[PDB]
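**Q** So you can see what is in the structure, the chains are spelled out below.
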Amino acid sequence: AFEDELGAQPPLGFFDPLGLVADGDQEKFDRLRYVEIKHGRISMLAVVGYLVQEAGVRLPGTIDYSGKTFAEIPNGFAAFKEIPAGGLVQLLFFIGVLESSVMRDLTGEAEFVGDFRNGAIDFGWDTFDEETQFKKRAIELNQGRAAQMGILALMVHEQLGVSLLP
Amino acid sequence: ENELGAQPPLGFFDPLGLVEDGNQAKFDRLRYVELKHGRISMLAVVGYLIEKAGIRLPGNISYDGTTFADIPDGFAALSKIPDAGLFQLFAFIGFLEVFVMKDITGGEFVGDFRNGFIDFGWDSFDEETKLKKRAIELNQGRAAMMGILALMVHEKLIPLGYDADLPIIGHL
Amino acid sequence: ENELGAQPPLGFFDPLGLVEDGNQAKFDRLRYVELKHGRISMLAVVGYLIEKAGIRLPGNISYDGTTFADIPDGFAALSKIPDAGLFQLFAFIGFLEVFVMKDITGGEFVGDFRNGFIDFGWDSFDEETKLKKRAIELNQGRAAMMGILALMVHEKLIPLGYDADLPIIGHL
Amino acid sequence: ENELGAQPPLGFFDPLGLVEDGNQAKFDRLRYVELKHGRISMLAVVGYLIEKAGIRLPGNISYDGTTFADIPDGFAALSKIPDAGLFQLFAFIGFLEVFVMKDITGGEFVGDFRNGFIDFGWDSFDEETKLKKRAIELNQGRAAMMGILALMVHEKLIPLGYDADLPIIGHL
Amino acid sequence: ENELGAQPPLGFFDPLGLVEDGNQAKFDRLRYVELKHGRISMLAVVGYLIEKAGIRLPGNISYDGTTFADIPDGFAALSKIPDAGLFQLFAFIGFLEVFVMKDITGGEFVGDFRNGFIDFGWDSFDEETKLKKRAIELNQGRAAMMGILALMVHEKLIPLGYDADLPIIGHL
Ligand code: CLA
Ligand code: KC2
Ligand code: KC2
Ligand code: KC2
Ligand code: KC2
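Protein chains in written order, with our numbering: chain S, 1283 to 1448; chain V, 34 to 205; chain E, 34 to 205; chain Z, 34 to 205; chain H, 34 to 205.
In isolation and in its complexed conformation, chain S is listed as follows:
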């Protein structure tokens, strides 16, 4: 059914050991693929965010007017202890504006699931031919799938106390 779809590729080919899309439901598959691209886009930002913070790179200056600086805030789950409470609400809320009002199909003209251009921001997608358009979607999915295991490592290993980084 979905053996010829995006993300089915060497060396594994079509790969569903649980048989989750074995029923051939397109709408179930369209949901799962959208759910797959979305975590991937997060995890690709999450690992680069984790590595640049662990290298010590901070934003300059203070995070609030009480003098709390970015440099005092560590990397990891211990960042949330020292980010002030008004900051943690907006970090949660503004991303929810991206969930509600920005990052979705608003206009219904998306060519596939996770096409968020909405006729507003396009950098030249149609300048790729159909094989390059399929390739860049295949890279983003697989950079996505790699980073999901990558960030899931870097979060489990912060709690284990066994570092994976030099």
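In case anyone wonders, no lab produced these hints; they're calculated from the structure. Take these hints with a grain of salt, some might be off.
[As the list claims (entries may be wrong)] Calculated cross-link-like contacts (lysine to any residue; reagent style SDA-like; alpha-carbon spacing at most 20 Å):
#1 H:113 - H:99
#2 V:166 - H:135
#3 S:1310 - V:49
#4 H:113 - H:195
#5 H:135 - V:167
#6 H:165 - Z:144
#7 E:163 - V:49
#8 Z:135 - H:41
#9 V:85 - H:195
#10 H:166 - Z:134
#11 H:166 - Z:165
#12 H:166 - Z:145
#13 Z:165 - E:198
#14 H:135 - V:38
#15 H:166 - Z:152
[Claimed, not checked] A few chain H residues that don't get close to chain S, going by computed Cβ distances all over 10 Å:
#16 83
#17 126
#18 135
#19 161
[To be verified] In silico contact screen, one side only, chain H against chain V (beta carbon under 7 Å); selected entries:
#20 106
#21 143
#22 146
#23 154
By construction, the Cβ of each residue, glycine as well, lies at the ideal position given by its N, Cα and C atoms.
Given the structure of chain S, go ahead and fit chains V, E, Z and H with the ligands onto it with the hints provided.
**A** Chains V, E, Z and H with the ligands alone, transformed into the frame defined by chain S:
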């Protein structure tokens, strides 16, 4: 009736496909299952906010010297009602549920025939009577159903929601 | 006319056979008797519940030096109003009853031209302003007519109802 | 807009004459005259009732150091309002009066384009909003216009009315 | 849509000339612009009056230890709301504003499908809910938009207006 509850942003939203099959009946069933959960959850968060704001009734609830002020807010409240109070809840709310006032058959397209006075208006506004007001009450339930899952799982850690607003509001 | 009054779960309920004539004319009069005992017993139970809650006025009721708190709760209250006060009920209510504002002419579809303001009137919902709301007031009366026969017999055997509730509530 | 006001037990009642002219053009003007004296007397009697009940505002009225309690009850109140306040009554009421929001000039069926709970325009009871509730307010004015001719002569003795009720109520 | 708003004693009043283009498409946009500045200024003036009457809430606002009495009256109140509160304004209002519930964008005769007292969509009179009550609210905005240009300039040199009114009211 069918086109209801499917207004924007989500539209018709059967993500897992449990109304993927057909019938009016299991869509009838799950609708009035959803509405009654809606109606009960909405008065339970308004029941929550009016309890937790300190709005009480003076006087004992029984001979015990249990006042309404002595009954604490939260989930100790409904349990520490005296038993003969709860069996008189199940008598009246019971008779009101099944029998008096509020007919419950299979989810009968629950009309209940009351509502107000000049308000129900078919013959006046065919999109205000249903499809907006009948759509919001569903969703106000959909908020409040997500309010009581909230209401429990918050209070499962020590401060409740009057207590939860004097100390910490952050997660575990 | 007919086609009003009782309802689920009874419908037309004349089980002893007092009205089985097949004649509307005897049924007309006993309906408006029931409306009137409807209206009076309803304002007497809510009068009873507001008098029993300790909800009184401040000040003396006259230059007898009787406060509104002096007049006891229950059956004694109307009885030990001063006589000149009971004439003035009669002078005002009796005008209000037999001819002005309420006219009860002869038991006549006492319609009295006090029809709410917007609410619950013609050229709107058909079901509501009559065949339902006209039916509920009567059944509201049917609850309150039985509420006083209770209330009198509750007061007849024990003291007043607030003194019926601090001691025993069980039967004789 | 002709069959206004009087009603059972009177009907058209013009016992002296000066209105049975056969022409309604004079009957026209006096009818809106009756409405306005209606409107003024009704809020003057209830103003007299609420002023006498001890219902006042807190604070001084002005730099004079006259509280709202200092101004006596009854007739003397409007007379010993400070003069600059009476100019601002004149400035605001007269702008509201001879001109607009009310616009009275010409004088019949101004109608003011304003309904109560804005119930009773039209497309409801065509029998309650016209001929009846139009009739009560005028008749309500008929009671209150009599209430003030009384009230002034009640006050004329030499106290106000709360000082007419604690002493003698019988005639001279 | 075109015959709306101004009225006696002005009628259509565009004296300087910006809008007499012959094309209503620009008259269209500025109309709903005047509606929203209408709606916002009307709740800001009554907000200004209720904030100044001493009507506050009990308790601190936050961990700061700022009570609802601590926040001064007038202009400085909105400015010294703690920052994280001003975002939750921006959070909830901005969700409520652009799309979601009030949906303004595009910007003309949105209508919002809300009634006052569920009074007055249509199928009553057709003369007051169009061309009059729709006309007052815009004009009600026309008073309140002028009320704040006042209010800011009343607050600009002088302190807050309760301290404009205990000292001098006259011009500079
Ligand atoms: C999942 C991604 C993610 C998450 C949750 C966080 C979370 C956090 N970062 Mg961070 N960061 C990220 C990715 C992320 N970052 C990336 C990719 C970089 C590299 C540029 C950084 C670089 C970075 C620095 C240098 C610092 C933080 C800091 C922080 C903390 C304070 C908040 C702040 O100032 O953020 C600041 C966030 C950024 C500077 C970059 C975020 C960029 C996001 C991911 C953009 C994605 C959405 C975007 C709107 C997409 C629009 C595209 C569309 C319009 C076409 C907070 C825990 C601060 C701290 O104290 O560290 C401990 C700090 O000083 N971040
Ligand atoms: C669903 C709302 C509701 C309704 C409609 C309703 C109707 C009636 C009616 C007549 C129709 C009577 C006659 C009656 C009588 C009593 N009710 Mg009541 N009642 C309500 C519910 C509750 C609850 C929650 C409690 C309660 C109580 C009492 C006690 C005292 C017992 C005692 O203290 O000895 C008595 C005598 C408390 C209790 O049971 O205490 C152990 C208690 O918690 N009730 N109740
Ligand atoms: C039907 C409701 C009702 C109406 C419509 C009504 C109208 C008026 C009017 C007309 C505007 C006046 C002027 C007036 C004055 C007095 N009323 Mg009132 N009155 C009403 C009801 C009662 C009751 C129920 C009582 C009562 C009393 C008094 C006493 C003091 C007497 C005294 O101290 O000797 C005085 C002066 C008490 C009483 O009569 O005591 C012996 C008493 O029980 N009234 N009353
Ligand atoms: C028709 C109802 C009415 C309206 C529409 C209205 C509008 C305004 C406005 C415009 C918004 C202002 C700014 C304003 C201010 C003052 N009013 Mg007010 N006012 C109303 C009525 C009265 C009466 C009836 C009195 C009165 C007074 C005062 C005094 C203190 C003066 C002083 O202490 O010297 C001041 C400062 C009293 C008075 O004039 O005392 C000599 C007095 O009796 N007003 N008033
Ligand atoms: C637009 C109206 C509005 C909405 C819809 C809304 C929703 C919620 C929810 C969601 C259900 C929660 C859980 C919540 C809780 C808190 N709000 Mg509230 N809130 C509203 C408005 C404001 C303003 C205007 C302020 C404010 C504050 C606080 C503080 C204490 C913080 C602290 O002490 O650190 C806490 C805990 C004040 C503040 O931020 O203080 C720095 C402050 O000015 N809020 N608020």
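**Q** Each hint: holds or not?
**A** Evaluation of the provided hints:
Taken as a hint, the residue 113 of chain H and residue 99 of chain H pair is honoured in the structure, with Cα atoms around 10 Å apart against an allowance of 20 Å. Between residue 166 of chain V and residue 135 of chain H the CA atoms are separated by roughly 15 Å; this keeps the pair inside 20 Å, and the hint holds. Between the alpha carbons of residue 1310 of chain S and residue 49 of chain V the distance comes to roughly 7 Å, so the proposed pair stays at or under 20 Å and holds. With a C-alpha separation of about 19 Å, the suggested pairing of residue 113 of chain H with residue 195 of chain H holds against the 20 Å cut-off.
Restraint check for residue 135 of chain H and residue 167 of chain V: the C-alpha separation of about 18 Å stays at or below 20 Å, so the hint holds. Pair hint residue 165 of chain H plus residue 144 of chain Z holds up; C-alpha atoms about 14 Å apart against a cutoff of 20 Å. Proposed proximity of residue 163 of chain E and residue 49 of chain V is contradicted: the alpha carbons are some 46 Å apart, above 20 Å. Distance check on the hinted pair: residue 135 of chain Z and residue 41 of chain H sit about 13 Å apart at the alpha-carbon level, within 20 Å; holds.
Simply put, residue 85 of chain V and residue 195 of chain H have alpha-carbon atoms about 35 Å apart, too far for the 20 Å limit, and the pair is violated. As the CA atoms of residue 166 of chain H and residue 134 of chain Z are separated by approximately 14 Å, the hinted pair is consistent with the 20 Å bound. Our distance criterion of 20 Å between C-alpha atoms is broken by residue 166 of chain H and residue 165 of chain Z, whose separation comes to about 25 Å. Taking the CA atoms of residue 166 of chain H and residue 145 of chain Z, the gap is near 13 Å; set against the 20 Å cutoff, the hint holds.
The suggested pairing of residue 165 of chain Z with residue 198 of chain E is violated, with an alpha-carbon distance near 48 Å, which exceeds 20 Å. Between the alpha carbons of residue 135 of chain H and residue 38 of chain V the distance comes to roughly 19 Å, so the proposed pair stays at or under 20 Å and holds. For the hint pairing residue 166 of chain H with residue 152 of chain Z, the CA-to-CA distance comes to about 14 Å; that is within 20 Å, so the pair holds. The beta carbon of residue 83 of chain H is kept farther than 10 Å from every beta carbon of chain S, the shortest such distance being approximately 28 Å.
The beta carbon of residue 126 of chain H sits about 13 Å from the closest Cβ of chain S, which is more than 10 Å, so the claim that it is off the interface holds. Against chain S, the non-interface label of residue 135 of chain H holds: every CB pair exceeds 10 Å, the least being about 14 Å. Residue 161 of chain H, annotated as away from the interface, keeps every beta carbon of chain S farther than 10 Å; the closest lies near 38 Å. A least Cβ separation of about 26 Å between residue 106 of chain H and chain V goes past the 7 Å threshold, and the interface hint is therefore violated.
Here the hint on residue 143 of chain H is broken, as its CB sits about 14 Å from the closest CB of chain V, past 7 Å. A hinted interface residue such as residue 146 of chain H counts as satisfied when its beta carbon comes closer than 7 Å to some beta carbon of chain V; here the least separation is about 6 Å, so the hint holds. Annotation: residue 154 of chain H was flagged as interfacial toward chain V, and the flag holds, the nearest CB pair being 5 Å apart, inside 7 Å.
Checked against the numbered hints above, the structure violates hints 7, 9, 11, 13, 20 and 21; every other hint is satisfied.
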